[PDB]
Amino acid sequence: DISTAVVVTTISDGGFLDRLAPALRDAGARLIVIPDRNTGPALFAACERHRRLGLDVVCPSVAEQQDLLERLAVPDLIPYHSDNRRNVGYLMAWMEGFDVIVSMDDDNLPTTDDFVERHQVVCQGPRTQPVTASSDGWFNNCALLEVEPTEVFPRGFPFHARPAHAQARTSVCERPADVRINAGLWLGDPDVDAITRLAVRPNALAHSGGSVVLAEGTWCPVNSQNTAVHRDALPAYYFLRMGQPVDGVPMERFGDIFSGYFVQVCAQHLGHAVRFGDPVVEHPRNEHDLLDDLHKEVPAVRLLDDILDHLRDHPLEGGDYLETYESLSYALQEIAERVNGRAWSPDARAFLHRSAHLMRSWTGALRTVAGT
């Protein structure tokens, strides 16, 4: 019997619970809600109300969060006033021993009653199955949706790849694959970068293309808004800390762009696969300072293409996700000094070195829980 924990970090009143609780109550999943400093006492009351409405929801105060993190010798790992606190749920799910961790934004909702069931596709084992390859090494998961004005790419999709991608070949082949990451897609406002939402304000109308499993060597960004990770891969899913300056501008909003590529690079080196498609969620068009999104995303966007390129020519070592993830952190340190370009000021290069330390601090903590 497959156990599942859904992880959500929020500073809201808690109102999403009222419409989120159905899919998770019926499937008997656990919801881990990770509050921050600024989370009013509304949520906790919504937490306990929904609990004896049947739902297995837990909601640890910042105080409980910091007790746990001190015991794991990681008091400074996870900052406050940040959706990085997601990581606290990840850890808790992994300690309690769930099979499936689903990362959810406090912002979208299941559109089907089989939501939890379809995310269990990451516990079906290795089997031969249709596998999707792309001659350019990239796959565009938004091609699986009907958007509205024009075609779009996902947030985190590399920019150097987009012009030639229309001329790439897509294959499908029955081959051994082992799905460990299921990235479910989004109706309404699709997960595009700020550059794209300013330009075309896309609207995702339907899920039309079914689902796919990417061949080794075919990559695609994976966010943490509607994503199932098998407990084994959880170690490589550390949500990257934002705030590092690129040429003086502090990076924000790409912590899951890095997590999604890091777990994917890691999964593939271990013979595992990323899946895209169902279960789909609806993400309401809740617009805000789109210009401020852009200023926050441009620093990370200026780096990501060079980082991806160098990751393709860096072999990793390791037999499990922890060992592979630490290998990756060391590769990022070498990439940091090898890479060239106008955006690679000394603070940008140092960004890779600090995240690398932070990934190893994260794996250190996993090692302590698993040592006792």
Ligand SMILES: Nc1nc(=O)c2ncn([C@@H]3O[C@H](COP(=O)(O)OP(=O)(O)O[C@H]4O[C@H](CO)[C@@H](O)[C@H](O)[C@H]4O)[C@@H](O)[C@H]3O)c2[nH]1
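Only residues modelled in both forms are compared. Positions refer to the first chain, counted from 1. Between two forms, the rigid core is the largest collection of C-alphas that superpose within 1.5 Å. Compared with the form deposited with GDP-alpha-D-glucose bound:
- Here the rigid core is superposed between the two forms, and of 175, 160, 285, 71 the C-alpha of 285 is the only one to shift by 2 Å or more.
- In sequence order, the one region between the two forms where at least three consecutive C-alphas each move 2 angstroms or more after rigid core superposition is 285 to 288.
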Contents of the next structure:
Number of protein chains: 4
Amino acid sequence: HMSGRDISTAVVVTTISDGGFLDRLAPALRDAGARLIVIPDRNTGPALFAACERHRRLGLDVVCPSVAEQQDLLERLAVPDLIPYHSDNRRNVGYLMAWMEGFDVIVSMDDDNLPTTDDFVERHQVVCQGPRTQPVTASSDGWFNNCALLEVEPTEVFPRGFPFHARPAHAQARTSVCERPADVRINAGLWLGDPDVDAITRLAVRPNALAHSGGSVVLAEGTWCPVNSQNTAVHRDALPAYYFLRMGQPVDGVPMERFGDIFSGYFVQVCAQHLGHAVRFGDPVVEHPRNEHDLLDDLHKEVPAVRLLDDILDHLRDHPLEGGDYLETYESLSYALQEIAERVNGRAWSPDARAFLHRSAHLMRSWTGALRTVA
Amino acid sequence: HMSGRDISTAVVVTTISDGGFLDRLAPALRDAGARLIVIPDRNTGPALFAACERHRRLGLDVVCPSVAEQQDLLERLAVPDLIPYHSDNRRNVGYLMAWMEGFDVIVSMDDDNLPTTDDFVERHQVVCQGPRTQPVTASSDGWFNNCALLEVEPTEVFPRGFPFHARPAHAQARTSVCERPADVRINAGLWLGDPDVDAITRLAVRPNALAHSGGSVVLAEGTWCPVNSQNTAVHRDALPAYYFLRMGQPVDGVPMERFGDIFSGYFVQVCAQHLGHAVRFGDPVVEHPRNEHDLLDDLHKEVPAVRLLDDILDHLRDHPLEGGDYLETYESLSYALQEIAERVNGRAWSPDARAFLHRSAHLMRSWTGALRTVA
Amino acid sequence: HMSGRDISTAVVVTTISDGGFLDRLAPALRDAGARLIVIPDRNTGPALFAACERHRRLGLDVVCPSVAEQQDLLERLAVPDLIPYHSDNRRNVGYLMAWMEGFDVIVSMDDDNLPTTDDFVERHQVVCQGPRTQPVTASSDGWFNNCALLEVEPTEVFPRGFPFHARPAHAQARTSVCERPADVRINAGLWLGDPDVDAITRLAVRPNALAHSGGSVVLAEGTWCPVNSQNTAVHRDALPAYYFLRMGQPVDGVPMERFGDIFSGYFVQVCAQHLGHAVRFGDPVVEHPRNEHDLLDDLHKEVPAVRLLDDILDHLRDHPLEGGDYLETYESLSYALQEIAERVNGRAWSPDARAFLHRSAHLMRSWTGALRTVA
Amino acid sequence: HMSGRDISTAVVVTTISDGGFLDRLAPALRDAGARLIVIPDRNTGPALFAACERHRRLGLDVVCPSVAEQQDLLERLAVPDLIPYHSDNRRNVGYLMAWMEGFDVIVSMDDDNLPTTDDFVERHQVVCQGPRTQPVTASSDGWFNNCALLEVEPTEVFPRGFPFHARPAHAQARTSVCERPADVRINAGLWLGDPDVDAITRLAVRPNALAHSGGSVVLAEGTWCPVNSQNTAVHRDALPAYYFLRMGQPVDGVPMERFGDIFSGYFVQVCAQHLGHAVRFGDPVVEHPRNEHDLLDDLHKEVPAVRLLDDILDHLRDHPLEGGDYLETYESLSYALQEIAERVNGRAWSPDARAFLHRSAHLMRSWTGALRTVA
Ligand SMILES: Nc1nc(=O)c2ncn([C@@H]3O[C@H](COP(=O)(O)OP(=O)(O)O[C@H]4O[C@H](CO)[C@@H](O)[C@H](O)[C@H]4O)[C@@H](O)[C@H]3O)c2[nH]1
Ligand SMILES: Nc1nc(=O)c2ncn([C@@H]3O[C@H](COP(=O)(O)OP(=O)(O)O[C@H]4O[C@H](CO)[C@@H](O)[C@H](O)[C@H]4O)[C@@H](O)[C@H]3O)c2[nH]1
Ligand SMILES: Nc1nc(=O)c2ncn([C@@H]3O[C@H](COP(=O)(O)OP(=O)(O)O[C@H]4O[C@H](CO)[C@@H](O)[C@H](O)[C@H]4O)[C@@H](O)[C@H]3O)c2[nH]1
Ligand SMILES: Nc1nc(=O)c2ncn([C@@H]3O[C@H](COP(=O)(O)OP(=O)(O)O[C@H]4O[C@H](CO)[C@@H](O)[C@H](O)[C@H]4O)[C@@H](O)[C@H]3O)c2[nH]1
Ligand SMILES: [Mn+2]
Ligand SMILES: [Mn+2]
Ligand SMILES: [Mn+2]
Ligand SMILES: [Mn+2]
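Please supply the coordinates for the form deposited with GDP-alpha-D-glucose bound, as a counterpart to the form deposited without GDP-alpha-D-glucose shown previously.
All chains and molecules follow, beginning with the one already shown.
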């Protein structure tokens, strides 16, 4: 008479579209009874609110808090300046809302990611499995390429946020699997169509993801892979470390963008491994008919971040973190970044580059303080 | 009679000159038995070291630590990256050394400031008299113009770092003096010749300080005036809050300079008033035959900081500080600056302008951490 | 008696105001039968058009071409991109129109400059008297300070655009007057209230022009003074060289502004002296109750141009110009600026500072090309 | 008795190496009797001069003019500021020197391009063949990918400077060959090993050129392909249009670099087609064991240029050029770029981007004026 199993899932999507994406996203979420938290912005038209109510009458537990309601909640948490407007950083509101409402699983998605299977929510519930002995995947160079789990034309690619200095030698890395205890708390689902690559790779080969052929893997301690926020489930205990980093900080006078989830993906990952938890890559797989972007503009935004990421990732392996839970571990991580900001050296490490990590660390602790205020 | 009160004074000068300035600076120092700490840089010629040895044999207690000895000291204190080279920020090394060696008074000077009286060191010892009921000067607008204590041609001027928003209405402010308890811990001596004005004032009216006619004043709580580092005595208790702020941070892509002591002067002043201590302005007066500068280059370096100073000072009046001594109060101030960085608004507050306060706050706490590590 | 000399005057003002300034500007204009050309912008409210119609019925020959009519005119002249919107550069449209319509005198004014005498237009007609032996003023340093013709408190000031390298030694310069032939083609009227000083001078001493006490002067060949566009009459022959320089060019990454007329004033002045013509300073004097400005923002906009002006003016004294009229001489000047851009050296002459002169020269010739296309 | 055929060839290489590359470059040039003009810089060590003299005694007609000799020649041509130091732009000295000395063929190379066949110079003499009916290659989209003539792993690549907006649709372009009159004046030889790709492609797939399998092609009028300066022969008549563009101009405050020959390659190509001449791609093929570069630094330098190149190439097809030879056609091209600078629109077209084309056009005409002075 095994009963009592009931995992709650909330899907977080921020968007400025008219809401037409709900026609293909609602069926998977409606069949599973999950909640969808749509976060609009000041540049979001009134057609999105009309689409949420239309799908709410069809059985979808969808909410769409207006910017006034969002700002009131942030005001009451003493963080009115934390989350800016006209930015997809406002998905942090949905993360916080789902965390306050006690959901077990928080699935971050974008408005151009459509589930391909009916068990989309169920597959993301893997972050609630708990610790068990299971096949974990280790890599001799400390990196795993989740795009090697996909059939990609015209050539092999690496995901967005993968360090560039490790790519040429990655072909000689030794991949091994063995039975070990692991506790999956983050599940990064893969994507067909336009894979999550950086603008450099997209401008070079225009990749196309044909099929998910590699299955799913759980990464052992010491093996990393970037985690995005377009098809990623985070267990509610790990959510405090999943704050979407604020963009716009200049590197050599060039404002960075498009890497908010590259940092959050690595940050929640180094926090999970310090607490004995793991990151999973594989199913559920979505289609990514990506919104229309100017690739040269995407390149101009990503370069300031890619100029620093390899150094930051290298120094993060040197810093030991402290903390008993994800709140304390994330705060310890924020102070680790401030020490890294002054020790790292290179041509790209101008005074505004070093100060980027200092303001990021403050906003990280402003985010955890808001969660502590909610208690 | 009274005996046993042996007040120790250490003068701190950082320079890239050939040491010729020692000829006019040493007599007042060696006659008082004061120590002179000369901090050279990588761009400092070998003639300075020869001049320190020539004036040492004449009876001056002068020390001139090489950059290797400086870096060895800073590395042992776990701050090898705190103080940059090719910068007058290296005077922080002299601040640190004078504090380690237990000096009562630390006098910050530049290599073009020359004492005018034989009691130069004695007058600066006023930061050691302790609390006493004394005439304190208050101003209705909360600001005091120390250049009003001087006879200046061709017109009235304000000191460098004086907020611009308060200058037009300062003529209507009411100045009052009354007997109140005060504990002087900072004594900003005045300057004849080229007064300490900003590049705006120097380019506009080219002022010349003729004489010191206003005497000396002690500013009551709530009355502020910028404090520079070219003729300023700081009691050793207040020394932890007198860290010379690191420049080079861009504001809208323009690196700031020449305001490192404007911030230190206001920071030690806010910390002192929180602890019930006061700032004094007046004697001892020095001659300032200012080193040759490109005034348009000084303006280009000062404008980035000028654009933010009025806002920073306004928010500092609304942030009360915590702490029982200068170390705790300075750290409390550093955290207050990070809150101010996210609350302040204005066209000049770009993401790099806000990150300037965040990196500065970390550097302030890196400074206090080295001070704790010493003791 | 003498008859047949019908001098036509057109006043040119560009504005984003509501037109209330017309109440004090129209009387002197309509009493003299002068035309007022008001150039609105995209950011100009609809109240200006209603004010032009209200003052037209009172007898003022005022025209206010819509942005559509402006762009239609500029497109037909093959310069649709020459004059930007949301900028006071649009006064060039008024310059062009007044020149097409055959006016003898073009008076450039701002919407906060108000005549003080009934003979405002008559005094500006001095640019039409022709050559005659008259008292011309020469200065030993090659510069004249027109603000010395005014009673200014609290101290002596220089006009906006006056080179800084020459200010300290200008007090020692010898001013001489003697009878020489001169042909006045530019008449820069002076201003009471807020004088036309740079943001450096305004922030430093906040000057107030009390009265016009020095009379009027005509500057001999080799003696220069900046000429602004807020109360300046230009003879139609000299109008082709009075193009208002387009701002927005970065200098070390900082866009310049507020100096468009500093360049036009010096350019029309160098071209006039090459053709044997002269610049006059003095009456008619206007009141300048200056529109409200953020003075620190004015400083941020002016510094990029201030950093280059002294060098540009120095090289202009060593480049002789060719041409028989203002069109040919202005084009010769534009090519001279391109040679200067590659010869000048200095810390402020970054590749974008040099390219500023190259794009400006093309725009100057784009302007003269439209002038040739008109005629 | 067919005699009298004797084509002269000069190879131009600028380098800061110690001269060891001469051991593998001299045999091909010595066997053909060609001249090698090595252009050193101020950051070039004395070991290069010792290597040129060592190879000169072995039979190589190699010259290495010191920076004093280079600057004296430039001084006598009234272009002392045209060519900067610490830059590979100094290859323009070698272009000019070979042109003054009357060589028929000028082969631009870098110090890391080694010939693979003995007929290296002979194959480059094709630019002296003269007009004849020959197979010309046309493309329906107006672009040709010379990297498709090579066997490249791991996937197909495009050359550096190839427009990005045309790459996805290039696979559907129709390539056709037919007998037509053509006059080859530029021969772009291909490269094995590290192909001449942009940093985007190199950071994405790390290409490797295995073999030259496509043969050689001559491009018809209307079909373009970028031409670099690492293995390219230019007939002396076309050399005036082959000026290596000066880099360092900021685009949105980011200085461009590494595209000096991308512009010169397209510029000499549009000039050749207007004069009825053609560009050849294929043999002779060199090995490119490229010097060690930081690819992320290469990316940071190339992005400012790639942000504008697609627009510039599009507008160059709209502008008809004038001129009877390459000097007049290049000068007409320079004026065409100035008109393009004001008509083009886009986010990347900041004021400093538009001014880049204006200063480039001046330097282009400064280069032709120097060649006209040589006459
Ligand atoms: N509030 C708000 N304001 C905007 O001005 C605003 N403007 C767009 N958005 C929303 O942000 C989401 C992401 O946009 P895209 O999917 O179109 O762009 P991608 O390059 O595919 O996303 C990449 O970067 C993302 C984060 O940087 C990762 O999550 C992805 O994994 C990764 O592929 C969309 O839903 C969109 O509708 C706004 N939301
Ligand atoms: N280590 C090092 N490296 C350098 O590259 C380096 N370069 C110069 N220096 C030293 O810094 C001191 C100050 O220089 P100046 O007196 O010439 O400039 P001022 O405008 O007169 O000083 C103003 O600003 C100062 C702070 O910026 C305040 O202290 C003064 O109150 C205020 O008047 C001198 O001794 C000089 O020799 C270096 N020292
Ligand atoms: N088209 C348009 N668009 C705007 O966005 C736009 N915004 C303002 N304006 C108009 O430009 C005129 C000048 O503005 P201000 O008088 O307020 O500023 P000042 O500092 O006093 O003027 C100084 O600089 C001027 C040149 O920069 C010289 O002429 C003067 O000699 C000199 O004193 C006014 O009429 C105003 O209404 C616009 N016009
Ligand atoms: N005078 C001088 N001063 C320097 O400071 C200086 N520093 C280097 N050099 C010389 O310039 C040549 C090119 O350098 P690399 O071959 O190492 O770099 P690449 O990325 O392979 O070259 C790419 O860009 C070039 C032009 O931008 C094209 O020609 C090539 O086709 C294309 O592949 C070399 O010989 C080198 O030794 C200097 N020369
Ligand atoms: Mn997407
Ligand atoms: Mn000084
Ligand atoms: Mn005005
Ligand atoms: Mn190379």
